[PDB]
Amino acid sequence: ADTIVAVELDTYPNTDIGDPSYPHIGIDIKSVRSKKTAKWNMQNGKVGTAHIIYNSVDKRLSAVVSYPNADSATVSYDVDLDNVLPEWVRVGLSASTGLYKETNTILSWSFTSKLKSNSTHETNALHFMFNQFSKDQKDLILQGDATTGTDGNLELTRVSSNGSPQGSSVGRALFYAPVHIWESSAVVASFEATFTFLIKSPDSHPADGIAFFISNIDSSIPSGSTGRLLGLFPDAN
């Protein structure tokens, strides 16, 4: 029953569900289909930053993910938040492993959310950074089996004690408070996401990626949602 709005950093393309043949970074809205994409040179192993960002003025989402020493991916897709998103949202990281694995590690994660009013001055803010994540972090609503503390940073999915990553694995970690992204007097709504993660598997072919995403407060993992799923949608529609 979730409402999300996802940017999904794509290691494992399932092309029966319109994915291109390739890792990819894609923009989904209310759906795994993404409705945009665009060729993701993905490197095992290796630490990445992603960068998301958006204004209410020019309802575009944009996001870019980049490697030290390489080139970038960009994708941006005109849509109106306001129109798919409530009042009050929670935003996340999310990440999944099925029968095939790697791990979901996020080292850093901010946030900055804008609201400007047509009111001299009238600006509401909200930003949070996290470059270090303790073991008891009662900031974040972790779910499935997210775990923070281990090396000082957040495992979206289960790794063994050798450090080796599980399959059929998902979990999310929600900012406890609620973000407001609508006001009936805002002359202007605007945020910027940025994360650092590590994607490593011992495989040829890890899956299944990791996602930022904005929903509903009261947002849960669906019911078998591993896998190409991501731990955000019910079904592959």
Contents of the next structure:
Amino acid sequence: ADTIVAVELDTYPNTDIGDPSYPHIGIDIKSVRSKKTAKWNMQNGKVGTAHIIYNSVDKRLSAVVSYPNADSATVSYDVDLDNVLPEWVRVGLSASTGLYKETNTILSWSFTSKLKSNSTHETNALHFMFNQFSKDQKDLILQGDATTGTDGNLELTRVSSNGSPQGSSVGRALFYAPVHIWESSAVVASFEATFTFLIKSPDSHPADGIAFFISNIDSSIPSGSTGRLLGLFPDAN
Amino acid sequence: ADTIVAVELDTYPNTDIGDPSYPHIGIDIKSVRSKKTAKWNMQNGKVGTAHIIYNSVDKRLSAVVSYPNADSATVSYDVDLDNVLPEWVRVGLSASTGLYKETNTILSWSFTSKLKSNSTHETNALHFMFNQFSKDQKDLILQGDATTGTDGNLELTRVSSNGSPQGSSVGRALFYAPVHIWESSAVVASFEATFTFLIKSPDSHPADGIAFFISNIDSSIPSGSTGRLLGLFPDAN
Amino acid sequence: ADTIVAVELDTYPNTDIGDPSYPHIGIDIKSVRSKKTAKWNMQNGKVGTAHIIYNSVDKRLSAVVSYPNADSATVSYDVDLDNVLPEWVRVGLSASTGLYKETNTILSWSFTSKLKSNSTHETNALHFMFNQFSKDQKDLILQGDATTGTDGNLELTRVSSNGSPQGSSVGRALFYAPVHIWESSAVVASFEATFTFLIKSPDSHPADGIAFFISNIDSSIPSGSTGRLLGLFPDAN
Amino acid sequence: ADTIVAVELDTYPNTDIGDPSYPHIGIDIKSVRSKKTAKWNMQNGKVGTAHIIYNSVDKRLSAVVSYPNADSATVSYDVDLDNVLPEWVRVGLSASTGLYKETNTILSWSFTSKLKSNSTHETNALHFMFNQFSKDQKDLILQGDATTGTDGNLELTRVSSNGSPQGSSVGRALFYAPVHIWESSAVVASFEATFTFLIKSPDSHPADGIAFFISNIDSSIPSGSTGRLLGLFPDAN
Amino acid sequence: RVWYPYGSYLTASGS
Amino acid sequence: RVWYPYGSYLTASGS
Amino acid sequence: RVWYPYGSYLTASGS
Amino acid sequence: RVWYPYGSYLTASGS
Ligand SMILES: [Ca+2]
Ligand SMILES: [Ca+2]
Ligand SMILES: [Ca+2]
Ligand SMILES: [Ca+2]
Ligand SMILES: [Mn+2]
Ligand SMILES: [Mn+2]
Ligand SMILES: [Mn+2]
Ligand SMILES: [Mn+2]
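For comparison with the form deposited without the partner chain, produce the structure of the form solved in complex with the partner chain.
Then the entire complex follows, led off by the chain already shown.
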């Protein structure tokens, strides 16, 4: 019932459903089985950065994930989003844990969307930037175990008092206002999103990952979508 | 009741409740009786622009309304929004008619809000820009007689099939997402709003005006707030 | 001696040097012979819009040119700009006339460049927007017959008092400050430019075209680069 | 001589020429003798932030300087920059030492200027942001002892090999492109500047300070403008 | 001719 | 409206 | 301990 | 620094 498009920061090889045999980043279109992946030198305890971009002219969805000084993992896929998503969608972040855990801490999140139509200089745009997260972030929709306020950060999954991640956890955060991601009339439509993350695993054995996603306005966490499902898909088909 | 802060573009002088003896611009704080006003040379028939600014350093709310090539009107008032409004609010546009009418057409609307906490570059921002309004604007909450999609404009009050305005009408449009307007630990907080309007009137005098306002999230049109009340106040106290 | 990268709005088929047999848009890399072209339904007397984008992740240079209500001409080419241009360049607009003429009027110009480096949230950016052009635009470098001020517009080539274009004319306009278009350290580097134009031909027989270009800081018009050379290249090799 | 408008972060009290008896923040208009000042709790050793704003509606120049988690200082002065500065200017940062020294390190600097003429949405804008300074910053004009590239910061005054500041030093950095600060037919004109600094001093008292300034394009360091003159004024009149 | 009604003021131009 | 030459073909709009 | 010299004022925190 | 498992190989940096 849900239409999902996401860039996953898969910290875990569930080689039994497609995952390559190492940490990777990939692009998912309505399925947990990525259309294209790319080896990723995930780094535990270190703040990283994810950058996602897309424009209607080239119709290519690209993502870059890097750590200061290390190299960058990049992945791109050609997809016309006009035939995959509804005109109005909601954007957000999701993460999960299962048998194994890690912290899925978000330190900042930015997003910008733009649409130009049948009128010279006529553009509609939406932009928001989060560097701090209040305990009561009324412009965010927290689902599952997601929470905010702790050190001004956004914790997507359970972590406890002493800061140790919990297993079998799932959470999401979506921007309150719906977004106009495309339109027939649109001459040029594009969007770019950025977020800094901190994936830490005390036991030192990460799982399951974080993801940036776009979906229909009424999306919610699917049953048993913890673990390998990243709180996005109901099954692994 | 609701908590309103508004900058009104009053087209009719109701001297029976405070209005100066001419069309005017004004700053309202929880009352239809402006705390400060300025004369305004309204121009039935043509497109005008309204710019509204506020920053926490000077704690001064100022507005400018002008018509291309004509003179502009300015109004300013010192106010510490911190202890007038709740930290989370909603912003929108309101308009109304009564005995006399006028069209209250919004051709474009943009808003920018920024909050930097005492942690530095920790800036939170929100920005939206509307240059085209679709028949189904899911990021807007329409109240009263408000409608969108016609000619790509936003008509706040009732308009006939041919475009003739109607009497005793009220309608508003609030941006969907809640806005963090001020924070306890904020070094600097500021916002600026802009919108272009088109007020055309067939009869003697046009009425009653348009207003940019900020309110408590769940605010709604008070009963009988048509006419002199600009769809913002229940009474004239 | 000059390194040029440009998107040309070729209103003229010089089929003797590569031009397809109709108006087109194309991408030039150090040569007037476009690497890739695309049929363009140029429209005389009508304001059009050109949108150019590029990012270091995909390394694809794309352009869209359209007129309100008409369709869009699009063209893309895969090129790594790190191996074609120096680290610091200057961006601008150029146009020319020859045996045949047209007016090459620019009504607005915008540009945005961004560079993120080996530091979380560390980005350098430059942005400028021109909607009006003063008679004395000190932040622009006018070369050849270029001039500003007439109706707040920027006339790239000669036009006379009665607004009729002249033949054998050439002009350019470059932003005063140098631009940092790339860097090794850069994680994500991108830029996007937009400009509205009005190409009018009284005799009704357009030539020669307008172009958006990037070049070394010390670039100037080459000898006899009027006409088919668009004021960019010294020869047609 | 030059025409200066500056917001100084004065670290040493030269009561022999106007300075209050403590480190202070101030607004200077064509004179080193501030028109208005405010007490400032300078914190040798740590990174601070300075925000400067001005708009043509209120015609009030205001500044805020703070340290994360400490109290902030505010200073404001009503001034109509229109008849103080020429319509085209250059913006930059200045700093100096003398008998006493201190480091005058700039870690980041951003500037935004907007001008909308009475034609409406005819907004001209300029924006630049520096978070990293390369050894060869071609978009900056360095005067005096100013240098860039060290640790990616901009050091305005002389600094030894180990990082020890030196006495009797001056240096400035102006953005390369001229800036249109005000226009005759401008409905609204505004600008905001921000920069983070690091003032460390080995000896007794640090001196002499840093200042954000606007001047005539071809401005240069006056002779002997070291020490109490912050590299901005030839004398103390 | 079309109009700006019971207008107010001084020196201005947008017919 | 001096329509014009140097503009391609296919889908259009006018009068 | 490191320092903020001949400092000035009141209630503040950035050590 | 609990280094960590689930992170690929090739070029790195640390101590
Ligand atoms: Ca997995
Ligand atoms: Ca009234
Ligand atoms: Ca040609
Ligand atoms: Ca001093
Ligand atoms: Mn996977
Ligand atoms: Mn009133
Ligand atoms: Mn060609
Ligand atoms: Mn002083």
